[PDB]
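One structure, pasted below without further comment.
With one protein chain removed, the remaining protein chains of the complex are shown where they sit.
Letters A and B mark the chains as written, and numbering starts fresh at 1 in each.
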Amino acid sequence: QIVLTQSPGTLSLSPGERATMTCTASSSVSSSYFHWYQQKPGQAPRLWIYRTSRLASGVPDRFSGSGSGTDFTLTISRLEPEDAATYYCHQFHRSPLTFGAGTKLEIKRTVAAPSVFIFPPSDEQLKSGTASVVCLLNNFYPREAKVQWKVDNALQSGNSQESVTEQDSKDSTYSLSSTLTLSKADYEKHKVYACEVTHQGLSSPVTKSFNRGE
Amino acid sequence: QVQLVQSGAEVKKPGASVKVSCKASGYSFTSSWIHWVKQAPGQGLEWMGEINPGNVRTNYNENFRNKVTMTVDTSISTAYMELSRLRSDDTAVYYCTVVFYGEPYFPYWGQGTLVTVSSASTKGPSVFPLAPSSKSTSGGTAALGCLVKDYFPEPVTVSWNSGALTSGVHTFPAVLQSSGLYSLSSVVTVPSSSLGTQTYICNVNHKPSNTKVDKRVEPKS
Partner (left out) sequence: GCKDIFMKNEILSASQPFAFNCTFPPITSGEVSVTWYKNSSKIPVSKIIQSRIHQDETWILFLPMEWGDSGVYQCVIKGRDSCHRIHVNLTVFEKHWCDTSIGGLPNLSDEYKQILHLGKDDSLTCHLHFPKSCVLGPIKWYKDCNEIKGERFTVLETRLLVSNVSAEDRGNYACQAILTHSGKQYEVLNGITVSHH
């Protein structure tokens, strides 16, 4: 098997900076059979560079490929946010076909504070017997953030889960959901449901809160 | 324009088999090689093999020699990829691609099919509105969304207004609940000034349970 060794595994760079990734093949690959693909989460890989150095349709000139024999390189001249993705090298020279393990490119940006929103459980869900309370932190950077649940000013533990998005292709921000789940009976035993957000871009911790029923 | 459309996600029990389809259009089906590619969760890309619908020749990655069987039904321009004796490490997204003479690379991909191997039974999600209100307001902006709860296995897809609304949409990666079921929310930010006039409907699809739900998200007092 022709093994493709791709490095680095992860790249973290600011816009305008130069990005370089390499692929080293265990055996010589002809230049016409060596390609790179771009993949964003949830999507199929997209052909990006083919035949070592040709750009696929829709690929901007700031991308360029080069290489020979066993050493290949993808270069991004001046990073844009939409360049955030995982890149894979590929050989079509010899069976079985093989891919590199990938290089994930993360774009750094300036600090951005989250917009916080809070959602009470729907009457539809309550009728079912469960109460989910969703706190949303929208479009922030960096990803580090602290979300605490207060119920009648009592700090919660053990009843919430967080999920964070991938980096946004246009503004490089993250968004995060934190969901407090309670039975209907426990939910109705309390008044104030609050969400407390702490983040680098906030000079002070932001709280979004609501009184049950209201 | 070359198109490859794959069948929906499926869950199957250990030891069973699954057969993924890839429907082709936009070119002469028998004048090509169809390839299948495996992407294990979090991992990269693994080539499984190729089939020529013209002479029905197959070349398998020998790591899939006794696992995969490639076939075609040319009368409906469809390629099939069958996995036998499923194990956990067969859980992955599968892609079909197509290759043309003199073009040794992969410009066209199917959208992918997630196959989950599990003993647990399929369950369709409940869909709950995340109503925009005063506590979902920030600088003339409202947030709203749909809570998609208690389903198995992955994935669910969410679109808004049948695909006409995409700007500002965030569909979160699923979380695994203690129950063993998944949950996610899909949210969007919109003008607060026009909540009274615009209609926002999330379209939730969970193919393994054949669940198709449309939920209209309306403002609350």
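In this text, a contact is a pair of C-beta atoms (placed from the backbone, for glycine too) under 8 Å apart; a residue touches a chain by one contact, two chains touch by 3 or more.
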Check each of B:3, B:25, B:30 or B:134 against the chain that is not shown and name the one that touches it.
B:30
Touching the hidden chain, out of B:13, B:57 or B:87, is B:57
In the whole complex, not just what's shown, which of A:7, A:24, A:53 or A:95 touches the removed chain?
A:95
Can you list where chain A touches the absent chain?
30, 32-33, 51, 92-95, 97
Residues in chain B touching the chain absent from view:
28, 30-33, 35, 50, 52-55, 57, 59, 99-104
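Keep in mind that, in the parts below, only the chains that are shown with their structure count from here on.
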Express in whole angstrom the distance between the two chain centres, defined as the mean CA positions of chain A and chain B.
18
Footprint of chain A on chain B - complex, ascending:
35, 44-47, 59, 61-63, 95, 104-107, 109-112, 126, 128-131, 135-139, 141, 143, 145, 147, 149, 170, 172-175, 177, 183-185, 187, 189
Within the complex, which stretch of chain A touches chain B?
32-33, 35, 37, 44-47, 50-51, 56, 88, 90, 92, 95-102, 115-122, 124-125, 128, 132, 134, 136, 138, 161-165, 175, 177, 179, 181, 208-210
